[PDB]
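Participant: As a plain string of letters, each chain reads:
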Amino acid sequence: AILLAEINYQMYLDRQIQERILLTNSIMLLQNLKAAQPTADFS
Amino acid sequence: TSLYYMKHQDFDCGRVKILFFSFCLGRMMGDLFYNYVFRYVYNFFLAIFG
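Residue numbers (UniProt numbering), protein chains in the order written: chain H, 416 to 458; chain X, 600 to 649.
Okay, chain X solo, but in the shape it has when bound:
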């Protein structure tokens, strides 16, 4: 099943500066929605699959 595994890619931390708040929304955007949402669910199918 390791053939069918998408790794943990690190995304471009594109910083936005809301006044004095510097933080990259792209990074946690990818982290949540793919690196943790898509990733966990997919590996859950692989877990039930094996």
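For reference, chain H alone in the conformation it holds in the complex:
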């Protein structure tokens, strides 16, 4: 009972670190799209 209890808590810690991965790759995506501005030049 207590063992698979820390398993719940513990792959909950894996939860938080996956959420951090989300954060990092999303910000990298916003960085490249910032470097990818649509230009309004027509000439």
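Derived from the structure by calculation, the hints contain no laboratory data. By construction, the Cβ of each residue, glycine as well, lies at the ideal position given by its N, Cα and C atoms. Any given hint could be a false lead.
Computed Cβ-Cβ distance ranges for the label pairs, DEER-style [to be verified]:
no. : chain 1 : residue 1 : chain 2 : residue 2 : range
1   : X       : 632       : H       : 435       : 47 to 57 angstroms
2   : X       : 619       : H       : 436       : 21 to 31 angstroms
3   : X       : 640       : H       : 454       : 29 to 39 angstroms
4   : H       : 438       : X       : 636       : 47 to 57 angstroms
With the hints as your guide, set chain X onto chain H.
Facilitator: Chain X only, in chain H's frame:
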């Protein structure tokens, strides 16, 4: 003096694409160095000449 005047010719806008920057260096190349450098100086001699 109008016999001795070179007009304002428009040059081929040969676009280069520096990553996401599209711009023709040939056009302003000609515009600056001839259509504005050679042109203005030459018409300045004609102005002092007349």
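Participant: With respect to the beta-carbon atoms only, verify the hint that residue 619 of chain X and residue 436 of chain H lie 21 to 31 angstroms apart.
Facilitator: Hint holds: Cβ distance 28 angstroms, inside 21 to 31 angstroms.
Participant: CB of residue 438 of chain H to CB of residue 636 of chain X, is that within 47 to 57 angstroms?
Facilitator: Holds: the Cβ-Cβ distance is about 54 angstroms, inside 47 to 57 angstroms.
Participant: That 29 to 39 angstroms hint for residue 640 of chain X and residue 454 of chain H (C-beta), does it hold up?
Facilitator: For residue 640 of chain X and residue 454 of chain H the Cβ distance comes to about 35 angstroms; the hint holds.
Participant: Lying within 47 to 57 angstroms: is that true of the beta-carbon distance residue 632 of chain X to residue 435 of chain H?
Facilitator: About 55 angstroms separates the Cβ atoms of residue 632 of chain X and residue 435 of chain H, which means 47 to 57 angstroms holds.
Every hint from the earlier list agrees with this structure, and none is contradicted.
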